[PDB]
Amino acid sequence: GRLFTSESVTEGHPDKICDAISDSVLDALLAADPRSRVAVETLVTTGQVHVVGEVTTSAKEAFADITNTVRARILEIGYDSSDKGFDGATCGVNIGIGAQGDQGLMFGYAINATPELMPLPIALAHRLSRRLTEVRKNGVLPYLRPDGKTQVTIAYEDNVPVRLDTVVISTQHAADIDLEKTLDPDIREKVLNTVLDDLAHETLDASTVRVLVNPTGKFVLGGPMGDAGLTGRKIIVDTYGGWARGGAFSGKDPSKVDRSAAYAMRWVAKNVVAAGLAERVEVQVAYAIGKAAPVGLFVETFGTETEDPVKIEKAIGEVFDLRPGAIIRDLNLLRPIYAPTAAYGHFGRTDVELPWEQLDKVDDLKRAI
Amino acid sequence: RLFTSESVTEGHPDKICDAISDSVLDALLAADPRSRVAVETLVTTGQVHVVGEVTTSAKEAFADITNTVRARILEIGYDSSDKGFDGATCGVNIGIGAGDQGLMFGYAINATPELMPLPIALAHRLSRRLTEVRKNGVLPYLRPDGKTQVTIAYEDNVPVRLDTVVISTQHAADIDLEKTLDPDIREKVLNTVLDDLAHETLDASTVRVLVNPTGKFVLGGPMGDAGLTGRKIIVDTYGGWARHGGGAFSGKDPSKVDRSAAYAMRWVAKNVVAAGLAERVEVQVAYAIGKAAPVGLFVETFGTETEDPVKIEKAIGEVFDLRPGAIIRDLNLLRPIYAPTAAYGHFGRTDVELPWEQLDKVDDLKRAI
Amino acid sequence: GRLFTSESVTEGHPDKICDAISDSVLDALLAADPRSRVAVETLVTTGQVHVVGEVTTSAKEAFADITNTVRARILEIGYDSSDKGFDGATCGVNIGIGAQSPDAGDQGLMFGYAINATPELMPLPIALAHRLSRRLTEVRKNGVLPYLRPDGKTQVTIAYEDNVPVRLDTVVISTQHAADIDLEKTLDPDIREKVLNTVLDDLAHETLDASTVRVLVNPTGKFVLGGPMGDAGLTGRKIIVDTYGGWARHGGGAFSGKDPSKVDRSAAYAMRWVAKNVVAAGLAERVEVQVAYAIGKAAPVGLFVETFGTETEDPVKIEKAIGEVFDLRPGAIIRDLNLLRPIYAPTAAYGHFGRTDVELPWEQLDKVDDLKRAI
Amino acid sequence: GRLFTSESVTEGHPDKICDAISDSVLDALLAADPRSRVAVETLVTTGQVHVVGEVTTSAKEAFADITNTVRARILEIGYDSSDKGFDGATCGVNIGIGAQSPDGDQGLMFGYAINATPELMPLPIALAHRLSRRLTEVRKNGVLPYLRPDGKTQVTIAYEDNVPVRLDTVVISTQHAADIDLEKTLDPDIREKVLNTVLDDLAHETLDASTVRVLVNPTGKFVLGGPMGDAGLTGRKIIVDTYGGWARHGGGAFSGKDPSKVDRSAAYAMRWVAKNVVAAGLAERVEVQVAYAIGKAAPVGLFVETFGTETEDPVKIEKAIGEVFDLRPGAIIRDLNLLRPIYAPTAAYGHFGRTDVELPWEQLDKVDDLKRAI
Ligand code: NA
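Chains as they are written, first to last, in the deposited numbering: chain B, 5 to 104, 133 to 277, 280 to 403; chain A, 6 to 103, 133 to 403; chain C, 5 to 107, 132 to 403; chain D, 5 to 107, 133 to 403.
Incorrect hints may have been included.
Claimed, not checked - Cross-link-like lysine-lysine pairs, in silico, DSBU-like; alpha carbons within 30 Å at most:
1) A:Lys290 to C:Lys64
2) C:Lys290 to A:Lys64
3) C:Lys250 to D:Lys290
4) A:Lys325 to B:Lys250
5) D:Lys325 to C:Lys213
6) A:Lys222 to B:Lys325
7) D:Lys250 to C:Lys290
8) A:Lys250 to B:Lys325
9) B:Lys64 to D:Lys290
10) B:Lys250 to A:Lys290
11) D:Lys213 to C:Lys325
12) A:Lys222 to B:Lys222
13) D:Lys290 to B:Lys290
14) B:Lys290 to A:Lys250
15) B:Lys64 to D:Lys169
16) A:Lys325 to B:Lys213
17) C:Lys325 to D:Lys222
Hints were generated in silico from the structure; no laboratory data involved.
Take these sequences, add in the hints, and give me the full structure.
Printed below as a string of structure tokens:
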């Protein structure tokens, strides 16, 4: 018997505020200059945002408008009052951005545990955090505020997901809300049960789930208030929830291998599982200084393969071009597509269509096998 | 298969931030062992921004934070605009205000004397040595910023070849890369480390050695760049070899389970391996809201156990007290010991004695088994 | 015919926010270490405060608490909501002050002024402007007009004929306020009644003709957001407001954020004190006193009086009496005015001179008897 | 006997670094968008610059380039090394300026001129600025290459019955390289290359400098400078920028403000009026006052104080100014041609009486008009 826990946070969590600002700046630059080199870090703490780093760009007007891009993103997140702890219209914004082959091993992962081919704990955690935001923004639960966190504990027996053990949903809200009479039943109804009905897991036993809504009580203020956040401090939330395997994504243009190769490996892994070649797979790519193409491409199927792993590797080599320039080309990465990736996970998204989540190589793999 | 891990010196801008965050933590703990600390650092060209939240009676230490920051930067070795950054003259801004569901992991493997995976162990040995030869004046033209990368070739899980070593280091502008830097780094850093390690079977006879493959490296640190606390988690832990339960360490007092429980799991795993109970082990601890002690303690021995895994788990239960208060007590964590952890890895350190690296539970485990 | 205009601002004006923060930090340090050396500058802009400079102090706890001192001062000013443009509880605060523990004079010319135009011996335009800005704040803080918000500005224009103040020409009062307030039906009459008319009754000028004053309340209209919002402020940017409203010459240098060892501050204070006592002693109707210092000498090398023809005693005799009665060595000024005390935050708005609401050492008429007996 | 002291500082003084950054930003914006609204404040302290305020502008490329403009200004000032206390290439720069695209005041302002110097400025400030400019010049031209940017000058003149009789004291404090012997090298070099050359330039017909007390770095070594261990802000040298304390000020700093700010353009216009009045021979010295009212473009008052030195009835002088000058703010901006990138040079060495650059408000182009109108 094993327990596995993963978590997700809303776009209002102070670390995720930074990821989104970083990727909003990236997007704004790429929209006007697809060739922009961007490495932009964001810090938030009580009442202030500090955006720093380096860019090379011809998008001078977009660069000039970064301060406005910052405020607009914070307002979109929903921080529009001191009463909520943070206000995009009135907060401090300081900008300190300058403007004028490698050895590596990267991993990607997929598993037939959910429709989106993600491990169950992180998949359910992201579905819950996204729904928590949706019910606030659509006016379903209009007393909600932006900050929030979800945690999912699944009980396993011999690698089989048998029970939904614990779900924790913590959300910011207006001060006059009764936690027991209002928040608890509303969250259970509009967020948890709605998500569980969506997922429609064929075998998971949710009959005795321990559900904890705001277990630490009132959550009136949030975000940077009495706290701090930074870009790239939610890597495990951004990826596989600790289920599978460095370098953060947000604020980096796709020339950063930490981002584009991680994306490429997810794409490969997902297409391999969807091709029915394995129930679960970790794909590793090894790069060497002075070689564009990988020097190694390895598959681990954990005994779940339906073909010899060496043939899976051969098929991947034939179907995918894992040179960095080819990855960027094939995944059409030189576009302002990054702000949405900055909360609710980079992998297994059910609400937006991302290039590295497309099952557009399934038939190619099958034919190549 | 090929496996690569990386380490960076204390001069890398992200590591400057980790060190500043933990230097502030240490200063507060030295005067008030019960301090609550969550301190994040940002660096970019010519400036440091330290933010977060503290609860402390160490008001004198809090007041002296700006001086603690400058002293740390000078110790790192940034003491001139010619090097790209100067602790004595740079900008310093301070904006610090003044259970849970969880799964944490720890890992150990009999691949090195320090019981760490070989790629990260060698990368950290190399980065420490690179700093050592600079500070003691052996190679006096070296400057603080640097990076090491180690690629090991494996055949059926046996480390058979040292495939590639990359050492990149900052240096004075007048240095001949081929006549001076290359042989000096080979002799004083790489070869001494290899001789120190004295691996009984690893073949180093055809290692590809690259010293500053991208050429001159004169300016470094935050210059024309940016760093943040907690952006080198893979370097801080197992180099990608073993999974992380998520969460950065630096700037956080021991009450933060992300830090202390990760340390505890390393401690458990290392003692299990040292006790000969397995060649390699991942230990997992599961916590539930409302319970002090873990609701789960799981061992994965990858087929390398010398006793039944359930018996190992039983022994760990008897020997270790994994309540948060007990971990803090048993590892004597309420002390100023953290600044040294902020570069060269938190795990597997040879150069400093860390409580979670002690083999002080080996005999207890052997008797309990 | 002549017109003279001076202005004042409330403690909510963004430059005045900075002056108050700077002197609030000064006061906190002096309270625990009276010998603290302090040169603290404050910047504000949308949503953020930046406090910078250098301090030498043993008041380490006070130094650690500076961020709390900053937030408390902003809340006292009245900025407690994003709806007002600024919130002390939730705004950004960054501290970049160099700090150390402890352990000749300059060439200078400093000026002080006084004039029998008002009870507080200040020029009429600045005196009235300060009384108005102070009353504006008062009626907000005491709940008389609770819809007011912190930021505000007053302007007073006086018409003179042959140097006599004959007419109150124009009064401008601009004030921040809640969004729903009717400018013509509520704000205008409330401000006239509770601010302008009360101040005029307080002053009770025996001869000034206020019968045709042009009164303008919020001439530009709605004033809902204020302070640093969509603006910026810095310490030391309201020097004319802080002193004589342009009526009298300045020897340069701002006051706030500076401990009393800064001659720009303490000597300007000493010269006011001298001028005020000279006028109160009946020695002149108006006077500018100038002190000259030389490097290497503590005591002044020159002490000059300009009475603009209004003296009742030979100016040389006035200078002689000042020389006997006053000790204008910087060290003596500090000791005699008892300046090493947390007394500065109140000076940071509504003027450093002529204050009718607080007792300041350099405003004390405690040297009149000495001058009369010395002459 | 009376003593009057004024001071000036070099472009390297931390407050002047701020004024220059603020006006360099203004210039860059005006160059591409002459209608830009600019209110830009600069702060400096150890190792960092913070530029804040608000701009309305179409000059988006110039706005994007503000950080580079800041660094280039600091480098031109001469701060290029941690060894000097500050380096424009490596220092921190943060920009907190609000930015948008385009979509009456009660006042009394003063201007002043006096026939005490060729530039029609009071002698103490005129000499102080001449000295601070020459101090910078001998560093930049390599005459005294060991000098560094920061410095300050003070001039004390002794007066007898309003006549400047003696140069009493000169204080020159300057940043310098660490190895320099203050007493044996700096002191005589400064006496020779800075003070004596300035006195030769001025060639004052009566001022007796024979026993001037000269103090070079009286407080000792000055190796580090600028923001190092200090702080500066825009608009904190108002008396240096204007008349050195000799003449009254109707409030408000100049730098970082576009010409629509009456604090700047009206102060400039008043200097212009006053200078032309003296140069027209209508008085030896004059303070001109302009009064403005809310809701009227043209002044509601224009007054002259000639301090008994007039050669024509003060009321006639006031009438002549009324005919010759259009003191509506829009007219001032048009007639002085203010919507141009001309402001960075004004940010050190004084806005008035400049002998090294040509400023519109220093031109004697209304002298003939005044004589015809009088
Ligand atoms: Na003499």
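Open item on the list: Hint compliance check: list the failing hint numbers for this structure, sorted ascending.
Closed with: 12, 13 and 15
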